[PDB]
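Participant: Chain by chain, the residues run as shown.
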Amino acid sequence: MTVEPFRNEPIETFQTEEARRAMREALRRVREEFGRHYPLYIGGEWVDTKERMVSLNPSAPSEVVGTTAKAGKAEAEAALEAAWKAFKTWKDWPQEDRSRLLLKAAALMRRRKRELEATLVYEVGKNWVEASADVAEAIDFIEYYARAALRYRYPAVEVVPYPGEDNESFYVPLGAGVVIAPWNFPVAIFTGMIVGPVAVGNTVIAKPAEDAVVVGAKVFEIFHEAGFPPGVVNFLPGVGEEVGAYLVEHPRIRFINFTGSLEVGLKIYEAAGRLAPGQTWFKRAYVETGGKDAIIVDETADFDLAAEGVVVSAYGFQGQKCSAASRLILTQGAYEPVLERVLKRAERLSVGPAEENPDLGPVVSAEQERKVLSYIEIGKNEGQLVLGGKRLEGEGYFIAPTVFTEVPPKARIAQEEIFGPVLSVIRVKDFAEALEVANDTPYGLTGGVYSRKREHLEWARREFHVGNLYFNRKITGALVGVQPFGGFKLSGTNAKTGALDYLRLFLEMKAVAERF
Amino acid sequence: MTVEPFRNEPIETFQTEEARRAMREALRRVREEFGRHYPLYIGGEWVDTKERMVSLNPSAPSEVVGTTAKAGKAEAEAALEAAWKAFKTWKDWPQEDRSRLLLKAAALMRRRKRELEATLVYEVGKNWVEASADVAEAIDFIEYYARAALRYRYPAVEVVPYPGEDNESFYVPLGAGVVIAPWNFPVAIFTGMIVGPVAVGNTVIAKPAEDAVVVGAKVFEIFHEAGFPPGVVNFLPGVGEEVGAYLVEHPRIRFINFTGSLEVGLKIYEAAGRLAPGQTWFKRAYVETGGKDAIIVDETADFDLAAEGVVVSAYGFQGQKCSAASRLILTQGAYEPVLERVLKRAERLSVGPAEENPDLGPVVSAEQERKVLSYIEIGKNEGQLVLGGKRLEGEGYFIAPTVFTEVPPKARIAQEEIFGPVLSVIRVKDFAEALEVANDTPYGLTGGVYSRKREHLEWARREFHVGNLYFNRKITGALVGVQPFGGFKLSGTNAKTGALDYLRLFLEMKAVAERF
Amino acid sequence: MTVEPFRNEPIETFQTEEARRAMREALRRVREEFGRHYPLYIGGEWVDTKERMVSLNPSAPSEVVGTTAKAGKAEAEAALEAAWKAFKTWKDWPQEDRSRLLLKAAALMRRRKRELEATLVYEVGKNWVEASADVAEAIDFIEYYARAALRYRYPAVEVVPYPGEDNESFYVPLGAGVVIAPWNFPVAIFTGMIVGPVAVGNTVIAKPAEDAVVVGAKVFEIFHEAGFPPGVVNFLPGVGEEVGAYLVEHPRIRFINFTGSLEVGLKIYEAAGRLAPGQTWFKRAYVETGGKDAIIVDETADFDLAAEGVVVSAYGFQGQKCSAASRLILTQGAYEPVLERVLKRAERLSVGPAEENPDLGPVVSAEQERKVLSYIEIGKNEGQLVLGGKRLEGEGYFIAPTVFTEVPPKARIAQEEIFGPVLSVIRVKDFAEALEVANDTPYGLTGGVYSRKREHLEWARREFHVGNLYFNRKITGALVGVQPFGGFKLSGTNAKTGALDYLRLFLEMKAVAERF
Ligand SMILES: [Cl-]
Ligand SMILES: [Cl-]
Ligand SMILES: [Cl-]
Ligand code: NA
Ligand code: NA
Ligand code: NA
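Going down the list, the sequences are from chains B, A and B'. A prime marks a further copy of an entry chain. Every letter in the first sequence is one number past the one before it in the deposited numbering, and letter 515, counting from 1, is 515. Every letter in the second sequence is one number past the one before it in the deposited numbering, and letter 177, counting from 1, is 177. Every letter in the third sequence is one number past the one before it in the deposited numbering, and letter 44, counting from 1, is 44.
Worth double-checking, as some hints may not be accurate.
Identical copies go unnamed one by one, so any copy, or any two together, can satisfy a pair.
With a Cα cut of at most 30 Å, we get these calculated DSBU-like pairs of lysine-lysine [claimed, not checked]:
hint: 1; residue 1: 510; residue 2: 380
hint: 2; residue 1: 73; residue 2: 88
hint: 3; residue 1: 410; residue 2: 510
hint: 4; residue 1: 453; residue 2: 113
hint: 5; residue 1: 88; residue 2: 429
hint: 6; residue 1: 380; residue 2: 489
hint: 7; residue 1: 371; residue 2: 344
hint: 8; residue 1: 104; residue 2: 267
hint: 9; residue 1: 429; residue 2: 267
hint: 10; residue 1: 474; residue 2: 380
hint: 11; residue 1: 104; residue 2: 91
Keep in mind that the hints were calculated from the coordinates and are not lab data.
Model the full assembly from the supplied sequences, consistent with the hints where possible.
Facilitator: Rendered as structure tokens:
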């Protein structure tokens, strides 16, 4: 297999008339199909159920964007049977063949970019560029993992020779596993978590997040058209913990790939450590569990650049990112200049229906709104509210960009992942204290430093204990291939997505010697 | 750092007078040193305790090889504090510096080879060549990991460039962890499990197996002489579960490296999945948990070659190997010729005090003897006893080479790891059935095939589901570098020792971007 | 550090309205700041002096373009102390960190391109594209040396292993040195000569040429903003030989990097060979000392292409280039056709104030004008004046494109570097004689051949003894990375700028063995 060197899919900015026209057409097509029903996908076919799940438009929650089938334990078991049956032959496909299948899926997804973007807009409340970045990243995962998988092809392991013998070490896939995907990047991360394991010969049962079932189904339309053999990829939308719990605890689930809340991640990791009755392996569980990410700014920084980066990082997709800047740590010299600029920029941000391409759409659901508002109430007792902190008018879950100042480093709003448009500003004496405050959370996902001082930057490179660190730029939007993505501490297991190392997680090694 | 290409340390056969002279002197000096007391090693110093542990000679258990201090929770806590304190600076040593320290330790161990071999002979009942192979493998781990660690040095990660930015991904060590080592390779595997993590910047608290505490202390003498900084490696001999449980469950233990029984491995993996109160990471646990390893022989094999390899694999170090051939699976045409040859060879094996360099020494302890004898009783009601099946006369824990035949594949003696000189022979119709029977256990560590038929060998290459597979040779004695060692299924987490991939297990990745 | 593969900075052609608008705005900003005073830069701070230096506009020499401080011996000593103090820690920065610092400086310079170009226009009389090429090359040196330095990182040397030992060879920087920079490329070469040594851990005291002190100061503004630690780079504008002589002869100057006249280069090289009282090393001196560069044209050439290349090479930046075509060597068959075309093109060239983007601006100074006019008088006695040879009207130092024909190969104007718009045309019998005449000067910097005859080209490749040879194109404008730049013979020490080899000149090697 020889293809062009990997490049990232360009993120559409919609600065041309053609791009804007194309988006409007896609938004129209998608909403004309709001009445659509999407079944489960099990063993190469769409399989419907009696019960259904409804997906709402968070910008207008009285509007249904689609319905899906609803998997229970029986359908989970059917999918598991199909996945193991498929594994028996899928594991033996030449890598070149599996990689070509991924490349086909990427081509198909690229051809449907605007459609998927418009679905993100209506289903999960992404503005236009957030939607485009999401789909572009999905394409990137497919393109990148297709290529990366070839690096592991038979026989890939470097061994020391021995006289009179062939010694051959090589990788083999694990088996059938479960993917539990997030609602915040329900094309990108949904896709990456499935296609990584699948690329190297595993099979996957995927549970989309409840809030993003329609767009997950559309991704499955792509997998189906690409022609993954029956059972290799399976789609099980479901309500609550039933489907996920059943699979995570199953003796015949080989691995679990999870991205979501720490609460759920902790339960999954604990369950994975147990031997279910009749289980014949040690389960692998990969969990990516969010962050409490800070941007540090010191007095040497470009304060305008810092303010812009902070606003993008804090409020892009309404702060609903594992990488979102939820803490702003300012040294004394930087405090007033940076805070004033942050407030000025943030107060100018628009909030409204996502299809209108506002700076912020709504938060994703009534439950998310409740959680964010509850944290805003907690914050009023811990820090000083200086901007936003309110629900905005309309049935859509519009919350204003929110800033708290004078926040104690150990306050709940300075420690707990709010996953909404809520920034906590912490004043510190100097850069050393800035690093101390940055490090003192249970998390370790993203972090940023705005500074011109080389010694501060290089010190942070060593000592700011986060998996993805960025200097003099936004701390969100990690690009596949460029910035291996994954954290430390309670941000999860450091499974670095969009990196060569990711695929190794879904392989085991065999060493075979022949004495002639 | 530039050194000679890795080569395996030659295993001494003691066929020259020089080698015999050197070994006799080493054995005499070790024997003359019986009763020596060895303290704990914590924070760069030897630390004694009021309570003590006794290590017996299994060939003559009235004889005390030595005693050691005995760690409890307080000493475990002291070691953990020392290990984290050391980690703060050890993690920042240039890799070349850490690797040179390992190379020094290897040089010191090589200079003490005969002494360490002699200590294994007396303390764990290895004959002379088994002792030499053990020490040689320890030296190999040090030499190999010293070089392998350099492959991970700053900044090692291949990433995709991005305009206007430096993107730099690199590995960092995890922290302080615990090593729980086995009695059966208490120089080799004890050393490997410690020095691998340490090479790349971790710190380690090591608990030797109770039956092998003296030789563990001697390895620590080498570490101390080599000059590992205080706290980098710590030695905590202990009785029963206390030290191990306290460390495995501790919120501040970062990783656990375990080799031993499945029963204990299962508890460790489950405990590692839990978040202890105040814990701020997802623990990594690496477990290697034994096997129920088979050699298949078909009617095309060299039956004499097969019989010799089976006898070596089954009875080397009294069958007390995770890799030991405990099942012999014979196709119908191979059954009579191979079994007759195996019985003829096995009945000639000598058994006696390890110092006499017999074919078999004693099993390691009174408890091990009890277990093996218990399994022999079980075997008598499951298969047909055709050789051995008894304790021999004498105070030492001597058990005769034992063979059961016409053993049902699902018999306890065909499924459960006995870890003694007990071979179960299973008669099958053809090679297809041989593979079925071979695969149908909870384990997947080592396996072998004796066959001249290319199609059978290549079939097994794909379908015999074990991590370490050998054709037309013994299935024991995996060499560092040559044969990455580790299994599938309930043989553990497939942490391949003596391979480049091993060190990756003790590192996390950081990705740092600077936008200029 | 992973950045995009090196590419050369595009040279602006000003063919768009936006580019022209941008230049006009930059010219306005620069002239509004003609009243500015620029201090020395020593130990991380701007340090003023009582006395000052004035910089004039060579297109209007009654107009001051800026003033600077004026360093004497005391300030040179202060800078040397600061440079050695800085060296003690700068030498120990990881290469990745030093390279990132360079990349930052390049980014800052790129953002200030038009400003620096406009300063070159007003201060040294470059037209628009000459100014853009100069700044672009400066950026190229920073980008290229940042990357090239990583090729030398610890431990870079390939050595033969020896049993029982680590053998590690690696590079270390030399110390503090002095850079003596030219006026003709006072952004590009000024920058390259400083940042090359600095990249690999040296520290530098830089003396700008008197005619280009303002633009040197602006380059130092960039270094300051980039955040080079105090003492790493120092800026010492000065009048006459005082500062340069003091530093070149100093026992504590480790290396000297010089570009300029042969007269001065010869003195520097001789001084560098001496042991100053108390000196504890052998000084390294790198000198690049100009040329007497010829273009050969034979009768097989594209005469129109040749004429254009000759005019560009002879008269670009008024012939004030070490690489300038100052000799045109024509075989008999090429003589009339090429000369006629050269005269026709040259007579159409505009000469005037540099800001108007004429083909030629003024020569750089009253002293340069005097020298060029004096050579024109010498030429009238040696060859036949056929074009130009006159000062043009206005206070600016405008000299007409000048051509002498029938010039004897050993004439002063055919041997001595005029460094002005003066071309000497020499008629020869054939290509062999063309090469003989081309080679018979004390110099060996650039050379060109216009010919379609493969045998002539490949013969010149071997036998035309110049460091930078060009076929069927101009002989000026060597690009960083593409064309390592530096000559033979009295053109200097062959320190190839914009090449991997350049950085080796500023390093020494250490070999460290450890016997284990
Ligand atoms: Cl870190
Ligand atoms: Cl397998
Ligand atoms: Cl030459
Ligand atoms: Na929705
Ligand atoms: Na013992
Ligand atoms: Na000037």
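Participant: Taking the hints in turn, state whether each one holds.
Facilitator: Against the structure, the hints come out as follows:
1. 510 to 380: Neither, since 57 Å and 35 Å both go past 30 Å.
2. 73 to 88: Classified as within: same-chain Cα gap 23 Å, cross-chain 47 Å, threshold 30 Å.
3. 410 to 510: between (48 Å within a copy, 25 Å between copies)
4. 453 to 113: Intra 41 Å, inter 23 Å, cutoff 30 Å: inter-copy only.
5. 88 to 429: Close across copies (24 Å), not inside one copy (61 Å); limit 30 Å.
6. 380 to 489: within (28 Å within a copy, 52 Å between copies)
7. 371 to 344: within (26 Å within a copy, 61 Å between copies)
8. 104 to 267: neither (36 Å within a copy, 44 Å between copies)
9. 429 to 267: Neither. Shortest intra-copy (39 Å) and inter-copy (47 Å) distances fail the 30 Å Cα cut-off.
10. 474 to 380: Within. Shortest intra-copy distance 27 Å satisfies the 30 Å Cα cut-off; inter-copy 67 Å does not.
11. 104 to 91: both (19 Å within a copy, 28 Å between copies)
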